[PDB]
Amino acid sequence: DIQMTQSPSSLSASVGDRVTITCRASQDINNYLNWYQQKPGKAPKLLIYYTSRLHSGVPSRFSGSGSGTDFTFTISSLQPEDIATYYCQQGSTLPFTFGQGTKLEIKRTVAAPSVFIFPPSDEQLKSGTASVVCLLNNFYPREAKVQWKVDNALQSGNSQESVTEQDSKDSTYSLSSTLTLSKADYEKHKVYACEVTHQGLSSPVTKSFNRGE
Amino acid sequence: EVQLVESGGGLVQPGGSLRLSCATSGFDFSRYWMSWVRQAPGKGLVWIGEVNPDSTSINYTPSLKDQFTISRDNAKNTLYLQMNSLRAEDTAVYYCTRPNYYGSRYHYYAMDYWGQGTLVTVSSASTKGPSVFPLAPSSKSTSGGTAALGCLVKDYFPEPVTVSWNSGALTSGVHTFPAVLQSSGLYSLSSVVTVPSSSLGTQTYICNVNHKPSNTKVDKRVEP
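Those protein sequence lines, which keep their order, are chains A and B. When you line the first sequence up against the numbering used here, it's residues 1 to 213, in that order. When you line the second sequence up against the numbering used here, it's residues 214 to 437, in that order.
These are computed hints drawn from the structure, not numbers from a lab. Among these hints, one or two may not hold up.
In the EDC-like style, the derived pairs of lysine to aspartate or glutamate whose C-alpha atoms are separated by at most 16 Å in a straight line are [to be verified]:
#1 A:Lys45 with B:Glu372
#2 B:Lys430 with B:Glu372
#3 B:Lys278 with A:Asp1
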C-alpha cells in the first residue's frame with residue numbers, strides 16, 4: 001500500500017486568501033494523483049485528476065501541480081463555498097489509497113446570533129412530553145453560552161445543544177438548545193426563557209414566552 | 214446527468230451480514246468500472262474495491278477482502294456490496310462511485326461521480342422510527358422581516374434522518390442540526406429555516422422527514 005500524507009491536516013484562512021495544500025506519496029506515483037473535495041454533510045466530489053486536470057464544472061480558482069512523490073493543491077482566491085475537507089488519492093498502484101484529508105476552515109468577522117424561541121407543539125404535549133427549543137442563528141465565532149430560565153429562576157435540567165458546521169454561504173454557525181420536560185413538569189411553570197451570551201452581543205440577550213398565550 | 218443512489222444501510226448486529234445496492238441513472242453502466250469507498254464517522258476515505266464491466270476483474274483492499282464481496286447486475290444497472298461478519302470498525306458511510314478518465318494500458322482512474330452514501334451501523338440495539346413535531350413560527354421566533362420555523366425529529370435509532378423542505382424546493386436559510394444522543398440512547402434532531410416574516414400566512418412550509426432504517430416517511434406541515 002502507498003501511504004499518502006497531506007500537509008497541513010487543517011488550516012484556517014480568510015476569504016480572498018491564496019490556499020496551498022501538499023500531498024506526499026510514500027513512493028513515486030508519476031502523475032497518477034487525484035484531488036477530492038468533501039463539503040460538510042455531503043459526499044466527496046472530484047476536483048482534479050491526473051495531478052493538474054480539472055473535472056467538468058470545477059471552478060477555475062482550483063489548481064493542482066507536482067509529480068513523483070510531491071503534489072500541491074491550490075485555491076487561488078478562497079471563497080466561502082470552499083469550506084470542506086480536501087483529499088488527495090493515488091491511482092498508481094492497487095489498493096488505491098487516500099491521504100488523511102485537510103480540513104479548510106474560514107476566519108471571518110464577529111456576527112451576533114439572531115435568537116428565536118419555540119414552545120412545545122400542542123401535538124407533542126398530547127403525547128405527554130414538552131420540548132422547548134432555543135435557536136441561535138448565524139453567529140461567529142463558534143463560542144456561545146445558552147442558559148435556560150424557568151419562572152426567572154436558573155434551570156439546571158435536561159437540556160442538550162447541537163451546533164452546525166460552518167455555513168457554505170456566510171461561514172457562520174447555528175446552534176440549538178432543547179429543554180425536555182414531562183407535560184406535568186412543564187405545566188408547573190409560566191415563563192420560559194433562554195439567555196444567550198456571545199461576543200457579538202454587548203449584553204446577554206433573553207428570549208421568552210408565557211406558557212399558553 | 215450521472216445519478217448514483219445507494220440503499221440497504223441501517224443496523225447490523227456484530228457478526229451479521231448485509232447487502233447494499235447502488236441503483237444508477239444517466240449513463241451506460243455496462244461500459245464502466247464501478248467502485249465502493251467507505252468513511253467511518255469523523256474519519257477519512259477508504260477504498261474497498263472495484264469491479265470491471267463484465268466482472269472478470271474484482272479487486273479489493275487486502276485488509277477487507279474477508280468482509281466484502283462486490284458484484285454487479287448490468288441488466289439492472291446496479292452495483293452490489295455484500296458485507297459479511299461485520300465488526301464495530303465497519304460502521305461507516307458506504308459510497309458507490311464511478312471510476313472514469315481511464316489510463317491507457319495502465320490501471321488508473323479518478324472517481325468522477327459519487328452517491329450520497331448509505332450509513333451502516335454495527336450495534337446490538339433495535340431500530341426505532343421517529344416522531345416529528347412542528348416548531349411553529351411566532352413573534353417569539355421573528356426578528357424584523359425574518360421569521361424562523363422548523364421541525365423537531367425525536368426518538369429514532371440508528372442514525373440517519375434526512376430532512377428536506379417543500380420537497381427540496383426550499384434550501385436557502387435551511388439548517389439541519391447534527392443529531393444528538395439522548396439519555397434513552399435514542400437520537401434527536403431539529404431542522405430549521407429562516408423565511409420572510411410577510412410570507413407566513415401565505416407560503417406553505419412542509420418538512421419532509423426520511424428515516425430509511427425503519428422505512429419512516431413523514432411530511433409535517435408547519436403553520437404559524
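Here is what the structure says about each hint:
For the hint pairing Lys45 (chain A) with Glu372 (chain B), the CA-to-CA distance comes to about 23 Å; that exceeds 16 Å, so the pair is violated. Only pairs whose Cα atoms come within 16 Å are accepted, and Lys430 (chain B) paired with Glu372 (chain B) is accepted, the gap being roughly 14 Å. Our distance criterion of 16 Å between C-alpha atoms is met by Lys278 (chain B) and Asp1 (chain A), whose separation comes to about 14 Å.
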